[PDB]
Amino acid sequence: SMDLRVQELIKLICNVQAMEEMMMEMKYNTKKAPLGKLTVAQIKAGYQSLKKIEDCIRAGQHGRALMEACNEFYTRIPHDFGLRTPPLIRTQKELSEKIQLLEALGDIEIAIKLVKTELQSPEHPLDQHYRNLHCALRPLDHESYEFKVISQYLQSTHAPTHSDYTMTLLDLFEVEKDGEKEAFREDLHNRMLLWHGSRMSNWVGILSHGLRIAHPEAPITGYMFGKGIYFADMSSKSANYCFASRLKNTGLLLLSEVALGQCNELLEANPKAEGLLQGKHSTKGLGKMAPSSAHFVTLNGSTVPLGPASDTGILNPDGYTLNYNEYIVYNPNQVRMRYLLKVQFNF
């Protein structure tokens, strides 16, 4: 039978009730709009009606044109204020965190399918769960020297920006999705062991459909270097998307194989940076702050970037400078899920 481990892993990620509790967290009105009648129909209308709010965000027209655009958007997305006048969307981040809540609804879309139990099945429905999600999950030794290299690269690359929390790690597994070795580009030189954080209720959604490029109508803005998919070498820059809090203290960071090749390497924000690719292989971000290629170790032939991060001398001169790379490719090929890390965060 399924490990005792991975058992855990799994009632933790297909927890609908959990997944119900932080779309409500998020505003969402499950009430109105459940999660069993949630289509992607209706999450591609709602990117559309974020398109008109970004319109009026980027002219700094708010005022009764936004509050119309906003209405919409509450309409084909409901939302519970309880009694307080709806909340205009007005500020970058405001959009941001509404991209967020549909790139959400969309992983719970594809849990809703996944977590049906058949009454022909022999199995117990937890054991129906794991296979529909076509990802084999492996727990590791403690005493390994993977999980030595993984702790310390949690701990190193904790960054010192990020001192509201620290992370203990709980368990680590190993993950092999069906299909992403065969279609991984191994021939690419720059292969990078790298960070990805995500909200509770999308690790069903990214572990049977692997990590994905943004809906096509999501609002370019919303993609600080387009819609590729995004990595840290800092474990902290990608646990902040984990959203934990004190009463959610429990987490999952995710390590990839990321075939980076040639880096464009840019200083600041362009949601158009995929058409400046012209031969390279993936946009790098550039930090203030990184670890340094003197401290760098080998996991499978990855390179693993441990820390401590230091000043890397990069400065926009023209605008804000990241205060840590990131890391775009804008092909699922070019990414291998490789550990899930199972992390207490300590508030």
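Positions refer to the first chain, counted from 1. What we label the rigid core is the largest C-alpha set whose atoms superpose within 1.5 Å from one form to the other. First, how it differs from the form deposited in another entry.
The comparison between the two forms, aligned on the rigid core, picks out a single residue among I43, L66, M289, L306 whose CA moves by 2 Å or more, and that residue is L66. The rigid-core alignment places the CA of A33 less than 2 Å apart between the two forms.
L322: CA moves less than 2 Å between the two forms after rigid-core fitting.
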Contents of the next structure:
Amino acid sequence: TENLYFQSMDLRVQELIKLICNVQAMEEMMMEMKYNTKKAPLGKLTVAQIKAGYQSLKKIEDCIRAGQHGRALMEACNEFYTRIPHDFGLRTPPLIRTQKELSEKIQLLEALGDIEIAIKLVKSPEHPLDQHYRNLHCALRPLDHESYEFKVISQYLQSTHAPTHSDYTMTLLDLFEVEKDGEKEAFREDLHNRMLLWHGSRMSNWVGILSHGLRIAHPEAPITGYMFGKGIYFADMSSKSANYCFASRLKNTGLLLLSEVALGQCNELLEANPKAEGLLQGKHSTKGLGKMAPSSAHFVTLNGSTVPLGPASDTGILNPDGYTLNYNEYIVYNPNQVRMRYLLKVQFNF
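Alternative state: the form deposited in another entry, after the form deposited in one PDB entry:
Excluded here are partners and other molecules; the one chain stands alone.
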């Protein structure tokens, strides 16, 4: 009954904060991604250096697009590796020549960007954990495991776990309601087709996401890193987003975010187009159409947002040209179409 006297941060919030603010975990995560933390300590990384990294990736993009492989491309990849040091040990540093390889470097810089944010943020009479939490300017309130909200979100979590993501299952360890300063008032409440949708991210990135909100891509990032342009990406299948947690048997605790997304009218597309944003022409979002999705007969709503409970079934969508997405994804291009609402602490069972 100590809390009636002294009013502490709930233990579950303390443990969350300890988890996402762990700078050692960030160092290990970047070393796994082949970033050379010894040559370029994360503490000294600046926004300008990351920006310069993106500009080198753009030079690489120019080269890939022109089919170049000689001097221009070598010069570009060397420049990139000079600006964003990597550790390939004794192995030839690899060329960056495909969309997937470009995207991986982009995700490395996205992580570096959120790390730069976190290290600044975690720098009195106040306990370090109270200080970190305050500095997020984002309320996080644990929810009761016997609440209605917990039940619906566990159902959404399990029932939208996709059949082709069978290398793990997920256990919901804890649940927090998220109220980020400003989002309620900015949100596009007027738009129809408001859905509660998934976003996953690496564990290094949550200090940045909670303190700044979900953001569109850096303006200097190569556009070809982004399947449907520089928007904020969401899934209706929990495991499509959870894959982007990059959890593993070694590090099997990750987080998953649910947000209210004001989709309005969707421009529906069957295959990648990085210039998708320019195709909106008055519509409000992009939907990449998948072969399998939850169907409306099973939907429920939670506080005005449609919750697309599974199981997934065939959508009857095939592309007669080539590749079709396995599952849907949704893209909005203004943060005011996003209101963060829940954060799940997830145990991944490999």
